[PDB]
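Produce the entire structure from the sequences given, and follow the hints as far as they go.
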Amino acid sequence: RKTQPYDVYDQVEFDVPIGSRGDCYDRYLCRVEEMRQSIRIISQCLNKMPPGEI
Amino acid sequence: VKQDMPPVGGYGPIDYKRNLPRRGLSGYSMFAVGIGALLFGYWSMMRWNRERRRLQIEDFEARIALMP
Numbered sequence: 009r010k011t012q013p014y015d016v017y018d019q020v021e022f023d024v025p026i027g028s029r030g031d032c033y034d035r036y037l038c039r040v041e042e043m044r045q046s047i048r049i050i051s052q053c054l055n056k057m058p059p060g061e062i
Numbered sequence: 011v012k013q014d015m016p017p018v019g020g021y022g023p024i025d026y027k028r029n030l031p032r033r034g035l036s037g038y039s040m041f042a043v044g045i046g047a048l049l050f051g052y053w054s055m056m057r058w059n060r061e062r063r064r065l066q067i068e069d070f071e072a073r074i075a076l077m078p
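If you're matching them up, the sequences are chains A and B in order.
Using our numbering, the letters of the first sequence correspond one by one to residues 9 to 62.
Using our numbering, the letters of the second sequence correspond one by one to residues 11 to 78.
Capping the alpha-carbon separation at 30 Å, the derived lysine-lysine pairs in DSS-like fashion look like this: (1) A:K56 / A:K10; (2) B:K27 / A:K56; (3) B:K27 / A:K10; (4) A:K56 / B:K12.
So the derived list for chain A, only partly shown, Cβ under 10 Å to chain B, looks like this: (5) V40; (6) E41; (7) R44; (8) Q45; (9) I47; (10) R48; (11) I50; (12) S51; (13) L54; (14) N55; (15) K56; (16) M57; (17) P58; (18) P59; (19) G60; (20) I62.
These are computed hints drawn from the structure, not numbers from a lab.
Ideal placement from N, C-alpha and C gives every residue a C-beta, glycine not left out.
Laid out in structure tokens, this is it:
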């Protein structure tokens, strides 16, 4: 999503979490903060929605 | 006319962050109240077992004076 935006992902703004060790505790916590960023993307997507065309 | 479902004039912000109240009387004070309640129980235990030894001596006097 950050490297090759294949869609309108470029016009929305977020920040992806990164794990610090290989410990799956970090992996779990990365999943949780990706969920919270998913809520941010949904918030901006409801903010800037165009009524264009199906 | 156009009658899609538009976002109606912009939407309010949605909370998007962790929030931990983190209270609970940190280890100093609660460590203190634990040792204090423990000491309270100790002192009551001391007083009650002394009274109990008094009663046990009275029952010993009963078995002594009964025996012959």
